[PDB]
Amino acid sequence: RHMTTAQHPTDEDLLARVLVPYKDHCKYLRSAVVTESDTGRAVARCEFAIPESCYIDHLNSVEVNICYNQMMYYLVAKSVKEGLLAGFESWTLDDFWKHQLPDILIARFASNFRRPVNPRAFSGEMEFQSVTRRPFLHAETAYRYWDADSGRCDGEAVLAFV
């Protein structure tokens, strides 16, 4: 980790498992490369597409949040599987999936419009900034979405691993 950087291509079966509970037309995350930082932070670099809205007939805050959830569940599952999630290095994906996954709660969530993002196709990324005990793990994360034309938005989300 100080010597190399772990980096993983999209995990298609993990991605479909993540997306399985969503309505067909609310499935937006399409690919996700997972990394670890020199300091042990888990990062996801993702692509997204919204061919049609999920809940109502640019990229809006509802969709920003749906996309985060998907990106966040994927990154968490894939990081635990590959030993990159601070706090869970002694856990396996199994133990985590049925026991921690359900009890991930978004404690706080925030989004900010910068330039309108084309909902049809656009990129995103997120970081586990910190993980900290509080008898639960409190994790800060940051995220950002962009397209091929300066569209951008971003924000943060504090997670509680119960």
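By rigid core we mean the largest C-alpha set that fits within 1.5 Å across both forms. Numbering follows the first chain given and starts at 1. What changes on going to the form deposited in another entry:
- When the two forms are superposed on their rigid core between these two forms, the C-alpha shift of 2 Å or more among 98, 114, 108, 30 belongs solely to 98.
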The other form holds:
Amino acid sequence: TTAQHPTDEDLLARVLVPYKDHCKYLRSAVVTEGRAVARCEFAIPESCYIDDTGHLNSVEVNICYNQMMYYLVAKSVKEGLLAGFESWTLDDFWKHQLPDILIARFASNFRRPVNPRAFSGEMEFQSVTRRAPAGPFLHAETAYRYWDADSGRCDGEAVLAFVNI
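Show the form deposited in another entry, please, the one above being the form deposited in one PDB entry.
The text that comes after this line covers the one chain and nothing more.
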């Protein structure tokens, strides 16, 4: 009885346009419906910036979060799922995506190393708050976690700003 959306493959490819061809890590994303959640699968067959370390690096946790978060937002804007984004169209999203979606704060905590080859993740929008000072942006709080098929596990938080809204 909770509404869910399977991976919207067309939207996903378009969300991932700004990322390089060899950097498309987000493979699937089921979005559950006013503060939405994404449940995702990831794969990094080789790193984009460094020789193989043997584990999912902090850097990659962050790249993957960005992908998952952009997808969650885009899909939420498309299906009207996210409180605070009622006025947005998908066109607004493509315009804002790169210059106007900012990370104010990022944290990652590794409990145990994760396998970068195949891993799962999830995130939640915990609050979205609009600000329009006399003379203008959304403030958002999110949490995520990652795990794999063995015992890998990482969790964290990110505070976002959506400016020029």
